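Asks: For reference, the chains in residue letters:
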Amino acid sequence: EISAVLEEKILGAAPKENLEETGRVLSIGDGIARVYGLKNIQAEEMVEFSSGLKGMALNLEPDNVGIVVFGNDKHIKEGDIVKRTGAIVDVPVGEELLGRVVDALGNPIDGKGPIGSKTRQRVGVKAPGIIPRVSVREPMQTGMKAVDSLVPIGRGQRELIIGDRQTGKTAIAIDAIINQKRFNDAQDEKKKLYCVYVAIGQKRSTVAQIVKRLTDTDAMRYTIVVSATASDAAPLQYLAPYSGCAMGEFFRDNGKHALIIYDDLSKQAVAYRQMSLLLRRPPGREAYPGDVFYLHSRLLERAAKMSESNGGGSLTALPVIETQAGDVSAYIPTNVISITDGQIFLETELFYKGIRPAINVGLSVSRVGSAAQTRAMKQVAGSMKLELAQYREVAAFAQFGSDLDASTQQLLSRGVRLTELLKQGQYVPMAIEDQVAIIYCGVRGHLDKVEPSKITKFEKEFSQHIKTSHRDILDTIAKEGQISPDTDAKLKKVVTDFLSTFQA
Amino acid sequence: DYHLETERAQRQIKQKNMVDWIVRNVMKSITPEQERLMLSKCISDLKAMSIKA
Amino acid sequence: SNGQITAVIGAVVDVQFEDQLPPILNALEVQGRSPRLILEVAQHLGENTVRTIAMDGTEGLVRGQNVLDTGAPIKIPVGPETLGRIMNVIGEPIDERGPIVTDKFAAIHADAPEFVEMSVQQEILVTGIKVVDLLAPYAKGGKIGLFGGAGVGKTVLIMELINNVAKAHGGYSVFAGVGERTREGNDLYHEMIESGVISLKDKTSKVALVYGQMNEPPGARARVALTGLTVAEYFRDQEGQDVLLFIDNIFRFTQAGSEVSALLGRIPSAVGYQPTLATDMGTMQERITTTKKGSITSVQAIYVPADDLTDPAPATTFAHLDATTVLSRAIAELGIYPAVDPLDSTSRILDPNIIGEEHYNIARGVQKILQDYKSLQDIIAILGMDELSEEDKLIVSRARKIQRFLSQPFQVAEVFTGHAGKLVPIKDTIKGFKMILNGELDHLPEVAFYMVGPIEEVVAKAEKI
Amino acid sequence: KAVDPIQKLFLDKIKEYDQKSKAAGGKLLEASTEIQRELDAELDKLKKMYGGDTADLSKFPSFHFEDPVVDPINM
Ligand SMILES: Nc1ncnc2c1ncn2[C@@H]1O[C@H](COP(=O)(O)OP(=O)(O)OP(=O)(O)O)[C@@H](O)[C@H]1O
Ligand SMILES: Nc1ncnc2c1ncn2[C@@H]1O[C@H](COP(=O)(O)OP(=O)(O)OP(=O)(O)O)[C@@H](O)[C@H]1O
Ligand SMILES: [Mg+2]
Ligand SMILES: [Mg+2]
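Chains as they are written, first to last, in PDB author numbering: chain A, 7 to 510; chain K, 156 to 208; chain D, 12 to 476; chain L, 2 to 76.
If you're looking for bench data, these hints aren't it; they were derived computationally from the structure. Hints may be right or wrong, so weigh each one.
Below, simulated EDC-like cross-link-like pairs (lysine to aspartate or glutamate); rule was C-alpha separation at most 16 Å, straight line [unchecked claim]: (1) K:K169 <-> A:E457; (2) L:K60 <-> K:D156; (3) L:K21 <-> K:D175.
With the C-beta cut set under 10 Å, the calculated list includes, among others, these residues of chain K facing chain L [unchecked claim]: (4) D156; (5) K169; (6) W176; (7) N180.
Each residue gets a CB set at the ideal place from its N, CA and C atoms; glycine is no exception.
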């Protein structure tokens, strides 16, 4: 068995010796190798060093070729042999990468064997133009109540997850990946969504714990993890968002739908700033190069919703940006805000108070908006958005309002229930029917008698009663696609029956 | 799961053991007559690549 | 003649010629490329070698690849055949509707019109936006800038200007998408074909679209504004039309110039910008003007980096504009939309002899109350509202009512706000602010002044409460 | 169609390893001490992880069940 596999790997790995156009390393240092030779080499062509490291031909000069090393530059010495790969920089793509953890070059790192991909795709492909795109009209279900109602994400949208450190940015992104299991297990392939998680500059232990979480929840079957951790070279962390984007662009161009998370692009900008400063390029704002905007703009513009003449596929991007002391006016976050289609802002102050996810409702924007959410969610979240705005205006009167009007007290009481409604535990994403029912109960006044400290327990028990005793209500909602006034009266009665049965 | 992990652990140590055994056996088995035959094959392969043009 | 590629570094390509060098700004065509790769000559390096800027990606270029000299700068189609079409920086149609069949072509590099060919007349362009029409009115024929950061609202503001001004306009329009979202280009294109401004059936289209977006290389992003100018310059000069030119956004032209300048071997200027920041901007902006042959009303969205108005690229753009509209993030975080800063937007036609005595006095009266409010806000922040009893509290109450009344729901923002869009005549605007300044509406709540266009909707909202 | 002599030599070393391993009853051939320590560490970890000390995991586990608890009639 093992001997047969070992024998067929020896026989299958034929050397195929032939003369290759080669170069010679002149000087190596600061992640840049200057190579003498390679007359017929192309710009941005991948090379092979004698130690096995890959590199990208960045600068073509009359006398030398500047090569960006995809690895540690201690493996390259002056006078080494640099061979042309003959191809511009590309990574393996396909459905053979699902369930596999790879580095920025596409090589597996989880030890599960090689990757049997038959296709490769360039990492520097330009984004689709005006014509092949179409409007974003299919929902992206993150499973988060506060996201899917107030900052609704569509398929083909770029939604920024921005905040300070340890505010739940990875928690939102991972729960969005886990939530797609209910759609991937179903037979409806148009709602199926593949996932690509790109870890840039993170800790390798953190990536391993993420892969364990995806494996336990069975979310790894449709997920590709591209890992360029903090121990990896800056060119590897620079390349990894484009490598993962190419793997996600395989699904976009083949009629399927993919979600990609760049966690985080602020660390990729640091890696690119390191490469730019070691190339003597003129620093700008916060020592960043001038093309650090084009670094993220050429990446995120490849996340698009394609027209029916292009297969109808899509790529959805969730870039992550870490701020410093909640400063969204800094250079790098302002660049990504000008690129993406809206941002989800996470507050440190809300995170300290126990509000998780600590989403700032007033500072979270979805430029697509209601155009990419279901009728039932849009009809209810429109009312909740108005009521949260009303609660926000009168929140200043709660500080000293010992005596307050009945209308203002109702607005304060409703806003407290709605704020407690949006709280959600980690690694427990919710189906869209469960989200609609819970938000509908809190927005119609059913929770005005329920204490805010018992809303989460009411959320489990009342949904269980609906899922067991009143399944005909859900069937009517699923058939109609919205909430009828007849169903509104029925939901009023079963809420009154449920609260009376719990206590009287 | 216990039998699968036991099989995987035994497979891994057997793969490691056979790798170092092959490396040591290949390195220790060097003969000059075979070395000259491989040298002649390398020259013939170089001559074949020169013809292939 | 025929050249060969000597060096490829990013968007900058060095080409060496044998017999005769092409002049600066000439267009060069690379031979072995399946799509057209255009190089624009930037400087002569010596030894019969020129340094060029590529208008597309430079991957796959080898040294010694043959480069052909076209003998002319980048020439793009111009005329009625470009109406309803989308073209890129080099004039190729990117709307998948076939070639742009025309006999008229024009180089994207042209000299600005001389001092003799200048029009000094100034007439107010009524928009329907209360903060714009009152405090910084736009001139009918003139340069308008929309300064703002990221997310404060400039695309929404420039789409509202297209909805209000360009729909009822006796002339042609040009949109130059410069380094912005391709999604926004797809949204605007389908907005035009739905509003009838672009006709795919017949030749009744009225707008020409030129798009070089943020996915394009720095050479394309630093020249696609010149392509939109060249289409608008043909309409102004060779047809005598009154042209609308919307550029979104002009900062990306300057930003892409800084990215190329790093590879051109220049000593960097302040904040890492190109040394030629003001001269390249001045050459581009002086071509966008109204002459005696025709008029161009230009609205230019201007991105400010890190919300900094002292950055060299927005600061040098301020002197090129008749009317400036500075959008503030602090105002946008208060929920006031459009987030125009009242004490930072100028018009250059805010004159009693141009817009009238009553319009000028109300605008100056509004700015005086808002400047007094800003002076008092430090006492309000730390101590509180207890200051000067009747007098300063009346100043605060009126200024907060004015700040709410400057906000207005937009028809283009109606999708994600729910409030119906309002187009407010300028007579109703000056009447509404005169009522607030006279103290006629001190008894109304300040919530009634928020997100309602006419002053009659303010009192109707107050009665509803 | 001549094969690489190194490939033939590698196949001979695989066959030589397989013949010597089957002649050793599946045991390792000239394994070092650290490989023996690695194998014992993996077996001990699997024994502690799956609780092989209490019961034989190779055979069927001996279930020790009990009667379910039923509440009294009244409170
Ligand atoms: N909704 C939630 N419920 C409970 N715990 C949560 C929730 N969201 C986040 N957390 C916890 O808060 C901590 C920080 O969240 P997370 O690590 O996802 O943030 P981050 O922004 O990725 O931080 P980093 O700077 O490490 O990337 C974690 O321990 C996570 O388990
Ligand atoms: N007039 C408005 N009414 C309501 N909301 C607005 C208005 N203008 C802007 N906004 C809000 O601000 C967001 C940003 O819109 P817009 O795209 O116009 O900003 P921008 O300045 O062009 O930013 P970017 O740098 O991303 O292009 C909108 O999606 C909306 O949420
Ligand atoms: Mg994180
Ligand atoms: Mg914009």
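Asks: Hint by hint, which ones does the structure fall short of?
Replies: Of the numbered hints, just 1 does not hold.
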